[PDB]
Every structure is written in structure tokens, then in C-alpha cells.
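Let's start with one chain on its own, the form deposited in one PDB entry, as C-alpha cells.
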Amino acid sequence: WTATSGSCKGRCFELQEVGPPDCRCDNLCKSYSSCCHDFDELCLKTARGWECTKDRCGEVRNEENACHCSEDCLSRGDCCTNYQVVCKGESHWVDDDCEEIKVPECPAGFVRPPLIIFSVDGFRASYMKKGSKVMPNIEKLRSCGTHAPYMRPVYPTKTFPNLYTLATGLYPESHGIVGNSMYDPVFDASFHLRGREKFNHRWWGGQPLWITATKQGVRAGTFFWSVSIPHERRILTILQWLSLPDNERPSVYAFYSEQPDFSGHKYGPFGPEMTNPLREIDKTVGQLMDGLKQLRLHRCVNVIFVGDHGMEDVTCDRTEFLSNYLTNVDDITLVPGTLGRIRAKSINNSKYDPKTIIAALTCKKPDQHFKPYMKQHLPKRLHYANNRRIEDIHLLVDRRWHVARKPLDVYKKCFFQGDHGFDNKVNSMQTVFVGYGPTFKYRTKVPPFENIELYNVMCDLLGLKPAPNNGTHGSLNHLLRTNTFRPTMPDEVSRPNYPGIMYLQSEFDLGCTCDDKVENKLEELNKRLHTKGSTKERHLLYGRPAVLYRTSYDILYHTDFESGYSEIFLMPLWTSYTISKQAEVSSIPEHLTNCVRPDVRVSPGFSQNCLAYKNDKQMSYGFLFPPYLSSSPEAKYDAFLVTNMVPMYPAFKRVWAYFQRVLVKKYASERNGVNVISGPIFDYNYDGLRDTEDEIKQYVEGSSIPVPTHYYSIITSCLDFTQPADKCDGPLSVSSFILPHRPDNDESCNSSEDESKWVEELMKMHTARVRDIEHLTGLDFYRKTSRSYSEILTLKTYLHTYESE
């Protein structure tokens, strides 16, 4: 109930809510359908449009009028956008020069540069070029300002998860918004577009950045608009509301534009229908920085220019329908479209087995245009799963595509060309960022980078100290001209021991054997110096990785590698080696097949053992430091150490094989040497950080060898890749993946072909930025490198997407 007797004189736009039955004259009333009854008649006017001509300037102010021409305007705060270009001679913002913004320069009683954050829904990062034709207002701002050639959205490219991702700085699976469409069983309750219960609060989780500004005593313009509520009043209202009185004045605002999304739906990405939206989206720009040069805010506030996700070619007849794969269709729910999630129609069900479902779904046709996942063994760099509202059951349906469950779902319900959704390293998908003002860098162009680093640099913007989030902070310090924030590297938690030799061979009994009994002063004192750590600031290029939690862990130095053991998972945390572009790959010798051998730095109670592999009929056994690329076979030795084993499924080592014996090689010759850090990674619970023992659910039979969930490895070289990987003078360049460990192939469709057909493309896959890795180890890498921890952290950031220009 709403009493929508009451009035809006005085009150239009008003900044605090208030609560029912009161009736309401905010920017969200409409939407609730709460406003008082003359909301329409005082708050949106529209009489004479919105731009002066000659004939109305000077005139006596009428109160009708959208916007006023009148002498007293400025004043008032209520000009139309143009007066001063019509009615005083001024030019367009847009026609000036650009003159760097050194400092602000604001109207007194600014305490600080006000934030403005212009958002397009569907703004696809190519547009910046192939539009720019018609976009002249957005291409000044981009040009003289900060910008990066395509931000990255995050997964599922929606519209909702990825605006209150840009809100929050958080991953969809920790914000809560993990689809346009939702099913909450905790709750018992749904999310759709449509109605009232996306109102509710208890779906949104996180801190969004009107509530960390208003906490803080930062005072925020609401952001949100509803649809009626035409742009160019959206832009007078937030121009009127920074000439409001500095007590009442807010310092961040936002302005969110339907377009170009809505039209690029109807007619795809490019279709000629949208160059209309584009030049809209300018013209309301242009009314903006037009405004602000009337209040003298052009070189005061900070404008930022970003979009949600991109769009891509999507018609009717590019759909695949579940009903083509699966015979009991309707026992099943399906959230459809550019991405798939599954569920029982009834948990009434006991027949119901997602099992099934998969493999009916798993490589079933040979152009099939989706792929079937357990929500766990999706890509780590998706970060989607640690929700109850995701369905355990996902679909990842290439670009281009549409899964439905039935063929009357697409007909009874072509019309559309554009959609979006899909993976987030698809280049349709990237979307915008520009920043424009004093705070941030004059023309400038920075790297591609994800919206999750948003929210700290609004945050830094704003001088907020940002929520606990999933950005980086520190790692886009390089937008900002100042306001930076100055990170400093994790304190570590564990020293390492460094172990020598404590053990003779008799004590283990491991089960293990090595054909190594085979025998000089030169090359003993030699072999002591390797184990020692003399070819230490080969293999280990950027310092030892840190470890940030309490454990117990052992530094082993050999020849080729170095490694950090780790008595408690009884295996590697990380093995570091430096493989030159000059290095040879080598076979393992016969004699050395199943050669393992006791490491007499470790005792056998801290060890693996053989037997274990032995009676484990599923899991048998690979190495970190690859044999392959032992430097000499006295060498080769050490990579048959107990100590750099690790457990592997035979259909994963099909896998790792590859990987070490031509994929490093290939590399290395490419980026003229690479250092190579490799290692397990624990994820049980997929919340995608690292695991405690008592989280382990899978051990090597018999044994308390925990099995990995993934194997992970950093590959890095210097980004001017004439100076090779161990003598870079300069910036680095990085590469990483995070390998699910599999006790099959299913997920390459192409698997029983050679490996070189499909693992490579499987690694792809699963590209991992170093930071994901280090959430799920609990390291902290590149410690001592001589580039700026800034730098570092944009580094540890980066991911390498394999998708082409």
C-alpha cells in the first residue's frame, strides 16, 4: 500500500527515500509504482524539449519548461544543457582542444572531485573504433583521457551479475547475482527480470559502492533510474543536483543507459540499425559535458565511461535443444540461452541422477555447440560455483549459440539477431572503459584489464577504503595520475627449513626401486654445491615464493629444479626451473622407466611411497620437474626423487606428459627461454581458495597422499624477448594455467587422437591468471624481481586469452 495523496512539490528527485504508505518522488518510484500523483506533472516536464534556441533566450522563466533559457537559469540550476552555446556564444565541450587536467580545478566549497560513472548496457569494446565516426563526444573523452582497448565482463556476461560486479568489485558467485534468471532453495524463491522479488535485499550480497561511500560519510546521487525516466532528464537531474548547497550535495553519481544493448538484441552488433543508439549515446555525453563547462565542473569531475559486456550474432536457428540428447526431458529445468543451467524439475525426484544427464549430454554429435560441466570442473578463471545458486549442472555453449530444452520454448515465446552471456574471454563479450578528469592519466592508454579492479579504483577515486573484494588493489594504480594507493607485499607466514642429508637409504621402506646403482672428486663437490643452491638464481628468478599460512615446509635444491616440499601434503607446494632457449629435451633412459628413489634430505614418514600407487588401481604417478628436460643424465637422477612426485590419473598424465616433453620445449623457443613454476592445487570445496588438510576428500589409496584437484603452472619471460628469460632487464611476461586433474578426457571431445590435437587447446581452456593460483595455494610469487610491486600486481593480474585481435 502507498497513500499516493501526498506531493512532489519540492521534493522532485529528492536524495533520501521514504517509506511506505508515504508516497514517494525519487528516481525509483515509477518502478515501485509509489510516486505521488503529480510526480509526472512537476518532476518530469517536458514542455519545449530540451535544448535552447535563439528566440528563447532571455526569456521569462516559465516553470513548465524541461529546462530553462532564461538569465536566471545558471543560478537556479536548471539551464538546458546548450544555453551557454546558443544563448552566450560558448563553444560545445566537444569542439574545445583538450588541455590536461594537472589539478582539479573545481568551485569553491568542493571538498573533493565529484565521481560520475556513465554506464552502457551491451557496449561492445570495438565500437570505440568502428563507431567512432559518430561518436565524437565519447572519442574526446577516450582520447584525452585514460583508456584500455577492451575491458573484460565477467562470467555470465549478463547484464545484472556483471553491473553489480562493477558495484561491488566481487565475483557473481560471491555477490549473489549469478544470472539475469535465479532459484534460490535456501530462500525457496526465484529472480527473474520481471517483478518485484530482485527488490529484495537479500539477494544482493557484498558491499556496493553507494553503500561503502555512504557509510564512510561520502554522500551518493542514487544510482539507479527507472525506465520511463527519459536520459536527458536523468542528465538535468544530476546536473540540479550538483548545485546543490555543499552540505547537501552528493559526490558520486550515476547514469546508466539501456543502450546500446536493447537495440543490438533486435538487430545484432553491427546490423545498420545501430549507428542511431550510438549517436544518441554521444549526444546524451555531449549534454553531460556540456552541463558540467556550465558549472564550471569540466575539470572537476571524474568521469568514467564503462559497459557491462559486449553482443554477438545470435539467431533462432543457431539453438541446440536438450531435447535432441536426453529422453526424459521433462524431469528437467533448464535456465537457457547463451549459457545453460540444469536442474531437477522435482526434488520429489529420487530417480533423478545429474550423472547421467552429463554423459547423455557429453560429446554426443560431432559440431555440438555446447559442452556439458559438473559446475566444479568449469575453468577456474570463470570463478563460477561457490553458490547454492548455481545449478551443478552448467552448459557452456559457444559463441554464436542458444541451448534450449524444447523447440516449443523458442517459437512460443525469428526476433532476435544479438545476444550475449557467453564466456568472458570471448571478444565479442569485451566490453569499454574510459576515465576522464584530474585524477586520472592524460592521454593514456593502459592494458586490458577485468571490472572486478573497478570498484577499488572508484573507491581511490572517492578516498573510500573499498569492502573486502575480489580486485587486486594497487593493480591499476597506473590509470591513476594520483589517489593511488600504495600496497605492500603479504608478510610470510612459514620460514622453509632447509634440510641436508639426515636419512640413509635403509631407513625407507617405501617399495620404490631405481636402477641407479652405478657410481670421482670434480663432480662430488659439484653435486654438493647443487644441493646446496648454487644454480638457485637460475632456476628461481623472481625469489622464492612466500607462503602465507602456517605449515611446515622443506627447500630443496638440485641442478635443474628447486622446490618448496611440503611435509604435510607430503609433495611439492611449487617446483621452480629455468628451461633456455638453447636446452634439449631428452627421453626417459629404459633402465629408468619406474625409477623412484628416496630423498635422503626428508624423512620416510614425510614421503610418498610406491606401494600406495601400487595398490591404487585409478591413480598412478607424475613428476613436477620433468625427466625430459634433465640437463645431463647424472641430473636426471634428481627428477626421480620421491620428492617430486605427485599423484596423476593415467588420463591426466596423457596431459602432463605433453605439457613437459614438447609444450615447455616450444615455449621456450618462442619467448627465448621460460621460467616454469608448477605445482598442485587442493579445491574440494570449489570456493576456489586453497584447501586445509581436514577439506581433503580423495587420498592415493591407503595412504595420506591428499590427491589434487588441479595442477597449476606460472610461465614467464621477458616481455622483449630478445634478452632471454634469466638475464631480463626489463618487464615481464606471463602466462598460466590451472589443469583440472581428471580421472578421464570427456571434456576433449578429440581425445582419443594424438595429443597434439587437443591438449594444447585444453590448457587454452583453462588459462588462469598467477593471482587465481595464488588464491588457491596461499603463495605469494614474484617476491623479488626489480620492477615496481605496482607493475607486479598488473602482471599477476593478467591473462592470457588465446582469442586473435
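For the two forms, the rigid core is made up of the largest set of C-alpha atoms that agree within 1.5 Å on superposition. Residue numbers count along the first chain shown, from 1. Compared with the form deposited in another entry:
- Following superposition on the rigid core between these two forms, the residue from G131, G471, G340, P572 with a C-alpha displacement of 2 angstroms or more is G131, and no other.
- For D746, a C-alpha deviation below 2 angstroms is recorded between these two forms after rigid-core alignment.
- In this overlay on the rigid core, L793 has a C-alpha that sits less than 2 Å away from its partner position between these two forms.
- Relative to the superposed core, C12 undergoes a C-alpha shift smaller than 2 Å between these two forms.
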Contents of the next structure:
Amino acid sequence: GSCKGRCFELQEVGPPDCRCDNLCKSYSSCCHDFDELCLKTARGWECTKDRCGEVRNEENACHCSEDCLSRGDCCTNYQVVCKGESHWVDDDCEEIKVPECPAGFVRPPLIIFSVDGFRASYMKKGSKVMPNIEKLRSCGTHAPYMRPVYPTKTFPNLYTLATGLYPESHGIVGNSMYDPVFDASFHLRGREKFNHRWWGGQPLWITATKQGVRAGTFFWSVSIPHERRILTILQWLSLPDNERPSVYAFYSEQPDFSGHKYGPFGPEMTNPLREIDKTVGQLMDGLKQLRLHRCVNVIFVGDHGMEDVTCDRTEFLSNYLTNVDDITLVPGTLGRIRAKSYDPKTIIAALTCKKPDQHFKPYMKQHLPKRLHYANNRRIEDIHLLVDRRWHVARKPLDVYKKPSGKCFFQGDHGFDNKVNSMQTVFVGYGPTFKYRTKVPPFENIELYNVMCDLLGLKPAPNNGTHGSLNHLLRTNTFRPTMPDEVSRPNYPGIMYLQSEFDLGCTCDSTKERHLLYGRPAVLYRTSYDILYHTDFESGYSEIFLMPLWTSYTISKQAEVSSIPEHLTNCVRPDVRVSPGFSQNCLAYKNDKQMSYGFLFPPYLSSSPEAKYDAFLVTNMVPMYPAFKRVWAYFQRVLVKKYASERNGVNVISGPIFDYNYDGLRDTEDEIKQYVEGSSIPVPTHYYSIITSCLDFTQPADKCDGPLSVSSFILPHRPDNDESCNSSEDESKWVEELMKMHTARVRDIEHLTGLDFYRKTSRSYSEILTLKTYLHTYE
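What would the structure be for the form deposited in another entry, given that what you showed me was the form deposited in one PDB entry?
Next comes a single chain, given without company.
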């Protein structure tokens, strides 16, 4: 068989027929004439003045004979060089107010141009280096940066872009992985990447296909040059409407490859950036030549950035563990440890706060910051090392390969925590469905799959994006988000019980408007809970979990911090609105030698000696380890008031999270694995707070007319502070840094609590969704 008239065919052939498709050279074979017919290289990829009107030679990679338009095989710059047309980049931008597409185009095509290792800061280079990219950016919709997923590696991020899912959900949790159910390893080298068993979720090309939208093959054999890929995309675009794809992908391994070699700031980086820009120019000139340049939506997107990393900055596990022969380490900009064929508790202890400058931190995966969403997959090893930016971790010195000079082969790497600035990457949308010359706030790459679906008129598969949160990127929104329905209505108990009906072993001697600024959270699961009002705070008290799901209070800029009278030490009061049978009891805490308790509304911030008594109600009490109380006390005593001063008032919503199975979702009763001893009082795995104020800080938090400003955290409820290497010191030296490490989105808290916040504002729901997906990152 021949490839004549079949080069890079889209439709599937059977095993027996010889292949002519994008991947036929990858661990496979093509028709014998595939190279001759489909991989022409003669005379390169650019028309020159001397080639214009050349006699046609069928060996040429592309053609500059005048028949090339009718044959569909011009070089992308043919009309520029030979017919006096301008390069696309030399045309001033004009708003694409409507798609300018041929008849038979049911929708604008989507072309996804992904670049590997493209730091957000490279856009600083400007038209000097990247004129085509600069035009897309300045004339289209762009963000200052896009946040990748952790780990900030290629395959996890590419497949996240494709599926809208966290790595833990789509299954590509690294560039290297071991799956203990397969008992098999995944690597980038070799053929495992082609085995479908690794890839979960539903990538865009499958979503497209299943809904009758035709996809261009997203994948190319490594031997097929970039320029051939661009020409193929353009040729596919000229197919008749019954064969033409609506979505296309081009991927470049640059600037990542050069980034590793020369580091992100090396003078050698200019050249690769120029070459990427040339490739964009080829695509745009090609589209213009097809008159599709005001028809197609283009996304220019990176998977991650690039950090300065040299092998002199390597931590070795063998400086911490005497026996390293019994462990397998996935090394580099992150660490994952498992047994080679060993005790995890011993390993963690041996790796914890051992050296003053220690450039990694060990974790059990369930204790990693929840914002990373990196635990709920069997391919993620229990033991994880978060590596400091600019560093590597390795097993022993001999695993590092140095030149004779001592210098290493690499000066850049990536993979670090996705909060790190050097890991941030790029997003640009250009075309009729994107806004014109519009800057949008930074966002997470998990959100893009929904956008790409909307651009193609596809119903997205279930994913971790928040559908509607990027509506502000698009001219026209086919999807309009709706606020979810409240599932459980609250009770509003009055005074129902006598003091004397309580045997809890405890001893002691406008609310809405000012404390719930954005409406009551909605409970989106089936349960029984009560709204409890007080002078200084409001709560939604769970009769199932015997504590608030949420506690809401406002602290003005002028609010005063007080201390507890000695007599109120150990004070807990029964709540006459809540049944003894649905209350905590103090005996459980007395008998649980490991467990103490804290309060969601702090007595410290009571508005009067009288009101302070409300804070000591059993319904405001939550189980807290002594170690964690050090964190919580400092947050409540010092930080809340600091934030109120700095932000001109703050509204605080705090509560427990239960995630014993570390899936990032609210546990049901049955999934709770720890209770206060001898009681039905469940122990939170985490405690959250959402801190809201006016974006315009000249306005107080309770009188805000415009956009809101939020910061949130999900603190691990740990019986120790081993995570914080300075925790032997005053809380002023370490608690706030701990909190910043555990920063979160409101959305993260919503998943973990089954609550919906901000249901009553003066803001559009679309805008609220962006607020909920916002992540305040620090350091």
C-alpha cells in the first residue's frame, strides 16, 4: 500500500492496511513511501524571492510555484514573499467583532499552541524577540501568568490542560510513576506513554469525538519537524466540512529544552524564544493565507516555568539516613520515597528539621497542603519531599553525574510547588470568541478545559475547574453559571432545655447584618444543623458532628483584644437551644489525654465582658490538640486583629474539615476515623478560615460597595508542630508562615465542607466564582 493522497490521514485504518498517520513512525511502521511522500524536507520551509514562480519540483517541502494555492501546498509565507501580502504580525490589530469564517464552518476552529517550560516572565522580552506572540498577547485576552498544577512537570500539566483534572484524578502524577496495581513504571522515554492504561479522566479530544466534534491528532512522532506539523494543521483546515477537524494541537518542547541546559535567564534563551515566535508566525501567516486568521480561536499556553537549578544545590538522603539501600527515591525538584522491595515513621523522623538550612521538607502525602491536591492516587507514594525552589534532592552523591570540571549538565529545572513564581507560565487567547486587548487576572490551568469545551460547543466531562469562573475571558458565553440549590434548610432553635437537664461534666461560675456579610453559607448535603445567633458571632451548628460547620464574625479596624479572667479558665457552658444529646461534653476531653479543645469564635475578641460568656458555650467548642492550639491561639489572639487593622475590618468564617480519606472532599460520618476518646465527638483533620474584606480598603469590611478581597487557609490539625522547624520559638516566628503554606481557595474549602459561600452579595455570580477560585500565594 501507498500513502499517496493519505499523508497524515485522520480516519482510522485497520491493522492490515499500512499507516500514514502522525504516529506511524512511533514504535510502529508506516507505508514504505511515507517518508518520500509525507516527510519532504527539500529546500526548507520558507519561500524566497528567487523561488517565486519556480518550476514545480515534487521533492520540495513546500511550494512557491503559483499553482501552490490550488494544490494546497504553499509555504506559509508564499503570499508574503511572492504576492505582496503583509506578514500577519505587520498588520495592526482590529477587533474581531464576529467570526469571519467560510460557509460550512459551524463554529470557529480552536488551535491550541502549547509551549513547554515557558516562564511567564519571558513575555518581558517583548516584540524585540517575539513579535508574533507579542501581537497575540497584546491584541487578545491574556493573563499576567497562569498557575500550573503540582508537580510542575510536563506530563501532569499537559494532561491537566487536556482534562481539567488534578493529577491525582487523571492519574499522571509525575513524568515518572510506579503503579503498584499494575506493578509497572511510567517514564517519558520508551513506549509506556502510549499505553492507555495510565491516562484517566476524559481529555478534550475524546470529549470532542464523543459529542461528534472532529479532532486533529494532538500527537506527532518525534521525527516529524515542527514546520511539517504546522503545514499539516493548515492543510487539515482546508479539508471539506465533512472531514475538517474543529480542534487542533501543536506542542513545542521549547523553551524547556534550552531552559534545562542554560537556565531560565541565560543569554542562550533568546534564540529558542525567537524560533518559537517564528513558528507562531508561520501558523498565523498560514492562517492569513487561508483567510482564516479572523476565524480561528488560538490559545498560546505553557505547561510550567523554569527555575535556576544547579547540582551543587542538591540535598542527599544519605546525609540523613545511614541505610539508603532500602529505599526507592523519585528524585529532583520533588521527592517520592517507597521501599526498595524500611519504616516510614523512622524515615520521616530522620528527615525532619535535621539541618538549619535544610532545603527539603518531608511529608506523609495526606499532610501536604490541601491546595496541592496531591494525595488521592495509589501512584503517589506515602512519603513526599517538598523541595525548596532552586534545589534538588537525591539519594546519594554518586547519583549526580558531573563533568570532569565539576560543573553539571543542567542549569534549569522545574517541578516545584506551584506557588513558586518561577513555575508560573503563560496564557493568551486570540480570536473571535476571546475579548479584545483584555487583561484578565491570573488563573489555574485546571480551568481551561471548560473554556476549550465552551469554545467548541462541548459539554465538559466532570472536572475540577469551576465552570463559569473564566467567563470574563470570552466575548460570548454559551454557559451561564447558576448558584447551586441549598439541600438542607437550617433550624432556628429557641430556648428549649433547662440548665439542669445537662450532665456534660462541664463547669462555669443585627447579628446577621454585621457578622454574616455575604449571606448564610448553603449546606449542599443532607444533614441536620441549627443557626445560633450571638452578639459577636453566628454559627451553623451540626447536630450530627456536634460542632459548627461554620462560625461567622466581623472584626472592625477598631475592635479591641481582651484576655480571659482567671475564673473563665476551663469555663464551658451548656447551650439551652441545643439538646444535651446533640452537645459535646467536657468529660471526654478530661479523659482524652491527647486532646484539648478550642473555640471557633475567640473569647479574646468578645465585644464586652457580658458577651464573652457566649464564646464559652459548648456549641462554640471544637476538639484541638495542645500543639495545634498554639497555632490557633496565635491566629485568633494576634493575627485576626492584625488583619482587621490592615484590611480595614475583616469578616471571618471558620470551621472544621474532615478528610480522613484525603480525597479533598467532605467526609461522611462513616469516613471519620478518630473521635475524642470514648465519645461520638469526631476529630477534624483540618481547620479552615475564610477572611473577607473590601478590595477598596478605604471602605470598611461591613460597608463595601465594590469587589471583595479574600484570603483563606486550611490548617492541618496536627498533634505536633514538626512541620514548622522554628516551632520551638515564639509563634510570631513561625505560625503565620505555616498559615501561608496552607493558603487555599474558597473553592477548596467548599469541596471539603459541602458548603456554598457568598450567596448574597452585590456582585455578579460569575465574579463570585472568580473570587472563589482565587488563591493568595506568598513567599
